[PDB]
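Colleague: So the chains spell out like this:
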Amino acid sequence: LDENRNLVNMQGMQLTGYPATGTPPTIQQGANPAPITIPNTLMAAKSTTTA
Amino acid sequence: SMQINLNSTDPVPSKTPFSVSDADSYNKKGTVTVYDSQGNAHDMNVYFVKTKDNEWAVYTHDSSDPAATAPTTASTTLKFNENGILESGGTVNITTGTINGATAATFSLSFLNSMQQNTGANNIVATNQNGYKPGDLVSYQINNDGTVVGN
Amino acid sequence: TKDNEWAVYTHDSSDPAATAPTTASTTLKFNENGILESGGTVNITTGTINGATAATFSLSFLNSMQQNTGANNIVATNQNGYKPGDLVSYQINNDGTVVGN
Amino acid sequence: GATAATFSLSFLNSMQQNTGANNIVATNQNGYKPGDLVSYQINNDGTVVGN
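Chains as they are written, first to last, in full-length UniProt numbering: chain X, 102 to 152; chain W, 153 to 303; chain L, 203 to 303; chain Z, 253 to 303.
No lab work stands behind these hints: they were computed from the structure. One or more hints might be untrue.
Said to hold, decoys possible - Result set (DSS-like, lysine-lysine): computed pairs, CA atoms no more than 27 Å apart in a straight line:
1. W:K285 with L:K285
2. L:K204 with W:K285
3. W:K167 with X:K147
4. W:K204 with W:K285
5. W:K231 with W:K204
To be verified - From the structure, some residues in chain L lie toward chain W, with a derived Cβ separation under 8 Å:
6. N206
7. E234
8. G236
9. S240
10. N270
11. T271
12. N274
Claimed, not checked - Across the chosen pairs, the derived CB separations fall in these ranges:
13. W:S171 with L:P223: 51 to 61 Å
14. Z:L261 with X:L102: 47 to 57 Å
15. W:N295 with X:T138: 36 to 46 Å
16. X:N105 with L:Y292: 56 to 66 Å
17. X:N105 with W:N235: 49 to 59 Å
Even for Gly, the Cβ is constructed at its ideal location relative to N, Cα and C.
Given these sequences and hints, build the entire structure.
Modeller: Below, the structure is given as structure tokens:
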């Protein structure tokens, strides 16, 4: 992980792949390849809708 | 040109009608990058929803323009024959948004060579487009036929 | 200042008493293709340093082009004025022309 | 006798939710302190930077 916590090689080579989009984010194979980002930001809460 | 393989056994989404926000409202999503006169990149998101057997509605929307209208009407409708040959609706004119003064990109998007069978999953075979961004000389070469080619 | 509209200011950093530019020197306007349409040439006058005349020259932005390049890069700069110098070398070219460098 | 320092303090990105306790996610500031040169280096992009 680099300064922005992205997946990098020795040289700083940024890893890329299919990102997660939507609410909640989902894996989209048809989406354009984007760099994989792993932020340390805390997760908010989602109100329960179905139980 | 956008060539895809469509699965016949995908169930029709229960969350009708089509909604961009609703991920489960569409069977497949693809993205093709086009370019305007000023070279701005527009990520045409296309959505495939099966309506009935051998009938697939395809919707289009650009994520680059926040002022673009939400797609509520069929961009095109692919009709397919018995053995997976295309029948009609494989070509449609598509206009992008207006970003930073760039004129909207009006291009003919074609679903030719698309074939629909019992694929195990939803996959897009090929995406091609003849637009690009401005480029600058990074190398030059001479081929065996004598063609001078600048990369 | 907005899409396809670029205000352009000129300032003289060499003059210790140079006035801060407060009015637009020119306005570059761009067509749909990012080409120049107006404002590509403007007459700019420099300051007066060491008692010499200010240089009144036509600055031309010819072939300036605004498109989705990754950043703002200056392609070419040129000016036809030169400083005084002494003779360094000389040569006779293949066409008989005698050139002093 | 220093001149008064007035700064814009912002609690942006702060949130009130059902976290286990009052926890500070991050602090950031633009002010700094004097100190002598220790190291100098030239990065892969040609930048000359002193630390």
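Colleague: Would you list, in rising numerical order, the hints stated earlier that this structure does not obey?
Modeller: 1, 4, 9, 12 and 14
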